[PDB]
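The residues making up each chain are set out below.
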Amino acid sequence: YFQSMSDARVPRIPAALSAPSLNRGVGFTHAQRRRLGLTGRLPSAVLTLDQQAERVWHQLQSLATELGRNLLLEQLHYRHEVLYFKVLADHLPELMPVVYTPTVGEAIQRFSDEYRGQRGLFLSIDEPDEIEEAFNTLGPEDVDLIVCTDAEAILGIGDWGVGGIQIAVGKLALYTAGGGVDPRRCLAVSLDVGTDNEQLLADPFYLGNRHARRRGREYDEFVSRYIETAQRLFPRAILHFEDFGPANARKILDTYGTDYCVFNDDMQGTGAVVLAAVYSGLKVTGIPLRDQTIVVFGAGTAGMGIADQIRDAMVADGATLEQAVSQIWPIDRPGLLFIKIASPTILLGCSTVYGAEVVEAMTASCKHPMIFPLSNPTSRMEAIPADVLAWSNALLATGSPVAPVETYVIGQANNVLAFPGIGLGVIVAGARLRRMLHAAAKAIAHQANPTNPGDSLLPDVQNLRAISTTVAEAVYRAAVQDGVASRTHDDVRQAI
Amino acid sequence: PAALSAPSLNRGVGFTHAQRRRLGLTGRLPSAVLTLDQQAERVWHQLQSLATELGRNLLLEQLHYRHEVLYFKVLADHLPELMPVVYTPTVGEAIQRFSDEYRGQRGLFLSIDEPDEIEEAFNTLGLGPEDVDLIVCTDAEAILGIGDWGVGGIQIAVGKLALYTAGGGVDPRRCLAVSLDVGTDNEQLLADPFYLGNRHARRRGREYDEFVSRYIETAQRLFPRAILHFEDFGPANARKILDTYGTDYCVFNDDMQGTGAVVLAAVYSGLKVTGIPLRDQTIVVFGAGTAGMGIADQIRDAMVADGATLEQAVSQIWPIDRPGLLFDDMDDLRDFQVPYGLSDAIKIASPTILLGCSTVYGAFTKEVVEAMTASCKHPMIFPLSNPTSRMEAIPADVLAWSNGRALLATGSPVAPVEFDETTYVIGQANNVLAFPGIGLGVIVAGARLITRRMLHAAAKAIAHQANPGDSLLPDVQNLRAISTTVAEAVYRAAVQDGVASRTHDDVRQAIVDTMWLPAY
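Note that the protein sequences, when read in sequence, are chains B and A.
PDB author numbering puts the first sequence at residues -3 to 134, 137 to 336, 370 to 387, 391 to 427, 430 to 442, 447 to 473, 476 to 538.
PDB author numbering puts the second sequence at residues 10 to 349, 365 to 492, 496 to 547.
It is worth saying that the hints were derived from the structure and are not from the lab.
Treat the hints with caution; some may be incorrect.
Partial pick of chain B residues on the chain A-facing surface, computed with a CB cut under 7 Å [to be verified]:
1. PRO10
2. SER14
3. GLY36
4. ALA41
5. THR44
Cβ atoms here follow ideal geometry from the backbone N, Cα and C, with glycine treated the same way.
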């Protein structure tokens, strides 16, 4: 009655290739297959790894759109992991950003019906009060970083919910390719807390938390229960997740930023790359931040939050906390000043979608030329594209992915450059948990070389991971120079 | 460390709240429970928002080995897949576009350069010599109508696998596929450095003969009664196999026999209206090639059933070619001797029901049909040409040329005629009407031989299932019911000349018509 077992059911077993790690496709030679008992199950060819990846690449260009390619790499994440990851060497800048921001919105909305975030713990908060039992299926050693998005505000679109894993996996997938963190040493997770657009809820095949876009005072301690049951396991792992920047980010960071090693890239990593662009401009301009005053158009959470970033960055070469308000100028949040008659040495741009009919005022006045818009959605801001923005025709780069002007070539600024080197040094030093901590963006200037007057003015070229290694050399110094850590290594640390 | 990853024993979300906790998953799957029909409705709704010209096949192959039971649930609910999703686009896409890609969890490849490891290769999976059925191996030569694809040939067999168990209730647990990599000759594949197969050329010698001879004998040795059949495979090799090894082993050929079956089925479908005994059915063959004679051999093999000698039946057949009807004293008779202008042939032959598997685009002319139309009141046209737009004629004009008094059947899917007096029917005549049920019935009988009579009762069981729109052959939508109707006739014919391991009263086709796509 209770037990039903048979003497006849057989799966026609697959052997030692169902696990993704070291599947390596046909990269097995005759000695390896006949050792692992694959005699006759792989196609009887032999392909070197780099030739095998190219076979996927020539395969990958045969697709036209950018979404069907994500479905193909989704097929190769579960089988032959190294290909999916060592393909990125063949073309990383195009593919890996495309994996992250443009394609996921179409993948998560239209196709995130996959129930295979394998490393993902799609934990609910309604029935599951016991959540640590999930890790029993997954020790404290050999674990470096972990992502746990609540899936509340994706870039293209916020609040889809259960599909937030593809994002958390996307950060991890981009984490390792940029930072070299072993994929075995990272886990992905996303809590279906709700945060559901009624469109997503109305879908019958949603496969997520049912009608539970739930908030209030109960929210934080539910997340706090998870954040304390992670550090109970290991404070030696970076819980690097992505949520909306509005309220939880600072509240969680204020709650756990001192005692634990947690951060978010959007509010912390982005301003670092902005500081790298400021120093990259000051190198050719020769005007330090002391005599350089800034504007913060929009006064957004990340924008006005950068006031503490620029101020504490000026603490190295600049005056006290009161001096920042005199050297910084906020505007455009309530329609301030119904705009700059002085101090224009470094201009930020719109934290708001409003695109601004050019204002050649900064072009005319005496200054070191440095203005950037820094907003992706409208593909415009207080300044137009750099060509029209070059009304004076000096250099300026955009946070929006832009093309060169033409000679007059800049590169796009992205926070993708920061959080690999940020977490890599933490995976190296084993940090338990400031601006002086986060001050690794100066290494981008070490690899920028904007010394050429006209050609290169961007942070760094996208096809190089060696800039992340140079950030590690700047990040590892956080142990001796910046505070608490567990770093004892030599300067080389070639294979961490 | 993800436990319980076997496709057959995984149901995705379908596992209830208890099984998710009892089997040690503890929330890795989302907080939903979906009835397997709801999961199929989700996949169906998901599949449609795509390119759907070969976009789907990418999604299905990952869904194949990620979740085995669902795939047949969604594939059960189909009229599009039976040919478009997995009998054309694999050739169009998967065979060539994804040749540097592998799907070989179940099924295996071997090489003509290594005859030694097969028996060590076959036992890679835990295979009981008892529990197996319908293992398929193809050399990828002449797949459909394109040519050699090398080691891609699995996508055909694995595709046929999807049609076997969804059509004939075979258990994929007891089913395997194979690929005989003997070396391709397509210049592209060899030039392509990223082709995951043998770079050698075709081999046609005693090495090949000893190879297949040392592969078939161990296929039955390691496990007997396994229905060995080769799909879209070299005919000069194919016919050679059946004459050589078919006397003491269970083998059939979809290219040569299942086609010859369904063609037979359509002949009786007209005979129900023609009111004529099949013995005196004089026909003309168009192919005279390697394959067109095979269906002619099966038709002749059934022509004797109603009382025709060997000499009279071949006299009741005229083969035709564009040089002319195959004749005696023609120096190049091409090693076939049932022979002894076309418009002149139909004139005096007066064939009541003529077919052509010869691929010649649109050679049926209004003057040709009229000669048969005037001579015989109800003639049966059969442009069996599989290519969609390379058939011998369009049906709508042929019915209009004979004033609907003629019968048609098409290899490729077609729309109804709609000759404005009355609307007729399709006449789809693929192989899917035959081999799944011939697989299920022979799994029930456990026949050591798949005899001619056994094949004939299958086609003439098809006739009852669809008989007097004016359809000669049934609709593919109602496939799981006709597969039972053909297994009853297979068992009925298995017991003639005592060939069945098993015996039963026949209330247990449904118990061996298993892998009903739902769970529990």
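Now the hints, each set against the structure:
Because the beta carbon of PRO10(B) sits about 4 Å from the nearest beta carbon in chain A, less than 7 Å, this interface hint is met. A cut of 7 Å between beta carbons decides the hint on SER14(B): the least distance to chain A is about 6 Å, and the hint holds. Evaluation of the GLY36(B) hint against chain A yields a held restraint, the C-beta minimum of about 3 Å falling below 7 Å. Interface restraint check: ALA41(B) against chain A, minimum CB-CB distance 4 Å, threshold 7 Å, status holds.
Below 7 Å, beta-carbon pairs count as interface contacts, and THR44(B) has none with chain A, the closest being about 10 Å; its hint is therefore violated.
Of the numbered hints listed earlier, the single one contradicted by the structure is hint 5.
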